[PDB]
Every structure is written in C-alpha cells, then in structure tokens.
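One chain comes next, on its own, written as structure tokens: the form deposited in one PDB entry.
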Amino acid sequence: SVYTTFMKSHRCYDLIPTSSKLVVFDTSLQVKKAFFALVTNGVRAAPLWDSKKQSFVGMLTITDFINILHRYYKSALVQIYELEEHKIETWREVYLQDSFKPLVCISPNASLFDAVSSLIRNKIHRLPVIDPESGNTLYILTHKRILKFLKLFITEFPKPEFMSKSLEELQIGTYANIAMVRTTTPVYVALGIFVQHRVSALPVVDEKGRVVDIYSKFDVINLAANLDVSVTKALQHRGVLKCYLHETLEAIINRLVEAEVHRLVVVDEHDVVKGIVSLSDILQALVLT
C-alpha cells in the first residue's frame, strides 16, 4: 500500500528530533540506584554501556526489574528486594542475558519499515538508533514514536479505503485469551502472569467482567518500595482507555496518538472487555501488511 511504501522510504534519522536527551547507564551500576535514575530523569528505560565488553549490551527496562523481583519472590526473599545492591551487570549475567538476548539496534539510515519489523520480530518495545560510523546511540525508537510520526503524514494526505472500515471489519487487535485480573486479585498474582505471559498491562475487571481499571508492570515494581495484597488496594499508590469494534481504524489511531496511551481496551456495549488494541497492532497492520 501507501503507508508501507512511506515507511520503506524514510530513514530512522527522520524522526529523531533536533534536540534530544539520552541517558545511559554503565552496567556496573546498582540496579537499585539505576531505578532512581530512571525516575529522577523521568524515563522508563535506559541503554546499557558495558565498559569491559566495550559496548552497548542492551536495555534496562521495567521487565528486567520484574524478572528480578520475581526471583526474590520465588525465594521467599521478597522482603529483601527493596534493600539489595547487586549490580545490573550481575543480574543480567545471572540470566546470561547478553549472550541469550543480545542487543537489537538499528542504523540512522535504515527504513522506518525496517524498524517496525525489527521491534515486532524481536518482540521488544525499545530500539536504539546507533550511528555505525561513530558507534553512538543517537536515539531510541518506540512504536509510539514511530506511529506518531506516521500519523502526521496520515492526516496531511488522502486516506485509503480501509482507513474507514472498523476494528471489527479489519480484525485488528487481540481478542482471544485476554490476560486480566480481578478487583480482588493479589498483586503477587499479577506478577506471576506478567512474568509468564509477556504482556505489558492487565485490565482490572469486576464480577460481570466490565473493565474498571488496568494494572501495569510498573505498578508492581512501584509498590515494592508485602505482595499478598488486593490489586485494588495497591492502586492506591498512584490511564484506562476504551474503544468499540464499531469504531473506524482512523478514529482509533487518532485517539491512541492524541491520547498518549499505549493501547485501547476494546469493550462491548456494557463495558465487558472483548479485547485489546495496541500500538504494535496498529503499526503491524498499517505497515507490515
């Protein structure tokens, strides 16, 4: 199509802004200390510089803190998670992370298309743009960044036919086996499922099955600073956005982009969740298709 062709014809360079900040951690940093630096700097992840390997080895993301919190839990040492001071290096090594899931990165010169496949194929959410000449991570590419850029084009240019069809027509998003919790569900349970399923967020639903909120991986680690608690109880320590299958692709995209969220919970007439539409979903359908 047209969107696919756009993406095969634009360089990642193109959506790097004119000014940009990039926070990097040396993997010899203390996980704990890093966590604060993420927070103080108001970022959700960071590139990892490994001084000994002389290289960028990967990302420090919220899942990694989750994987570690879990280990403590599996060990009945959850009480300690808050207090520990092992290095990022150490824990990544525990998991043989550098050897097993090595850094995925891209050139400023690669296509935006390429970056979209990249993130999806490798099932990752962050993608370092690294200048092959200098070896410098220029900037990190997210689905939201990629989509937002594409949306500018979308609006300043005639839409295709299908941009008017509906989620239901299009069959875009996830509608089978939605991982959700219940108002009552024990935070520790969410942990379990976050680790096991590799989804980012969980819809919190009532008995009837209507979405009342959403629990994220962040929420979990944020807390750990008891775990048998009610998901609902935990939430008192702090966005849910809905959409329907009757709604047009175009209408969805606008909301996802304008709204700033990372996905929509699809919902029938009585708010009974029916599925989820995410950024990968959108960006896979426009672009990889």
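Residue numbers count along the first chain shown, from 1. In this text, rigid core is short for the largest set of C-alphas that superpose within 1.5 Å between two forms. First, how it differs from the form deposited in another entry.
After superposition on the rigid core, the C-alpha displacement between the two forms reaches 2 Å or more for just one residue among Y175, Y81, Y139, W91, namely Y81. Here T155 counts as shifted, since its C-alpha moves by at least 2 Å between the two forms after the core is aligned.
Relative to the superposed core, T232 undergoes a C-alpha shift of no less than 2 Å between the two forms. After superposing the rigid core, the C-alpha of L256 moves by less than 2 Å between the two forms.
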Second form
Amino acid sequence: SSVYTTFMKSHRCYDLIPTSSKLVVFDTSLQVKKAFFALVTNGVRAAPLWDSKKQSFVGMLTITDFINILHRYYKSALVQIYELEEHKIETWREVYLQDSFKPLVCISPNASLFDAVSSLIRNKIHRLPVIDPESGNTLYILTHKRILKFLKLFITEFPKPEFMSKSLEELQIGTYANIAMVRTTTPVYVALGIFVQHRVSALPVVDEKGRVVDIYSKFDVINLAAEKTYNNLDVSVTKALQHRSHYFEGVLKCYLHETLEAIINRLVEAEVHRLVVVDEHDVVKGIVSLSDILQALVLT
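Could I have the structure of this protein in the form deposited in another entry, to go alongside the form deposited in one PDB entry above?
Only one chain is given; partner chains and other molecules are left out.
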C-alpha cells in the first residue's frame, strides 16, 4: 500500500474518460482487409467487435490481430493458400483458438482504477473497454498510457515514497534479458514472426555493434494497411520506416541508473509506450515499458 494504491482504489474508471471521444465498432461479418484499413483511416488503435447474431460484444480487433494475420498470410502465400484476405472477422476469430475460447475482458465505469490496472496485468492486455452495465454501451477504451498520465497529473509530487528516488536497477523494473531485436537489413516478414513468437509490442533496430538506431513498433505495422502493400514484406525494416524518415528525431532511451520518477516523467511527457534501456555507448540492455511501470505501482 502506497499513495498510488490509495489513489487507484478511490477513483472510478469514469474519471479517466475525456469529455469527448471517438469509438470505432466492427460487426463480426465485416471483411478483415476492410476492418484494418478502418483502423488507419480513423486514427485508432483498437475496435470493439459486435456479433449481430448474439447481440453482444465478443472481443477486440487490435494491431496484434493484424500482426498475426499478416504473418499467417505471408506463410500461406508461399504455399499458394489465399484465404485470410477475404476472411471476415468471425472466420479469422474461428481460426486462431476456438475452444480454446477467450471471452471479452471489460470493466464498468463505476469500477475502481485499481481494478482496471489489475485486469490489464492479469489478462495480458493493452485495451480495456469501459462498458456501462445500464445501457450496455462501450464508452471508452482504457490504456496503460492514459492511466499513467492520469496518475502523474493528479497525485501531488510530495507525500513522495522512498522508491521514487530509487533506480530501475535497484527496483528491477523492466526486461533485461533475451531482448527481441532486429537489424537494419531485417525483412519485415521476419520482424512479424518475432512479434508473434515473443508477444512484444516493439522491436529495437540495431547496427552491427548492437547500438540502437531506430525502433520497429505496432505503429509501423498498421501503416502496411494504409499503403496497399501486403506484398512488399520482403523489404528491410529500414525501407518500411521511410514512411516517417522526416519528422523523426531518434529513439527515446533511458539508463539503468535513472530514478523511477525521472522515467515516469519521461514516459508521460513523451506519450510513448516504452523506453529502450541503453548503456554509455547506446548498446541495448533492455526495455522499460508502461506495462512494467504499472505492475510496479500496483504491487509496491
């Protein structure tokens, strides 16, 4: 128990929703190719899935879905199987588990922010629909990014716990072993395979000396839905990153010996999902993600 735990347990999910927001919903009989293009066109990262037959929300369509489908699409094409691209949402969902069956994870606007964080961690998820039980409507999609920002802003800097002044290395927040990375020349299809195997939301791009020069993330993946690519998956990650060659400073990094406070501050101010942990010479040592931060704040 701390000033963070107290705050989270005494605030409702309702308090986090902006005055005005946009929500994209897909009927499950919609074509997959059309759904992912709708994500891009609407500037949105996820969409609740509506099953008309059941008159119910049954899941979410995210970039992780897109990664998995593209990976399967690429391998099937080399073996002359072409289905997915004319798959509807229900058929794609039927493919991947199907009893193995995963129900929709959601939360009430009146439930605590504590329960929201707990649900994200437990379910290994980044998108938590806030659903009003009276009307059944989805109001908002809650995220790590939004939650951390809220915490940073509405908690007074003081009554400050001792652990805020402690370094990442002291507190062991982040991942510092078996880091999923790609090289400058690594083809996109290989990168997708790495995404699927490690269930990770970003890949650092490194040179021959293991120094980070860029980052390949979920933002870069849905761009393949914008451009009518689907074909040129054999190109390098670098070529795929040309869509943002201009207007790009560099990768946001941190060091092992920075305080939790400084890193929370950097993550919030930058509006980014992770920092690449690096040494004196920009060699990748690990990743600290919003996932690690919120897991640390909820348990300590």
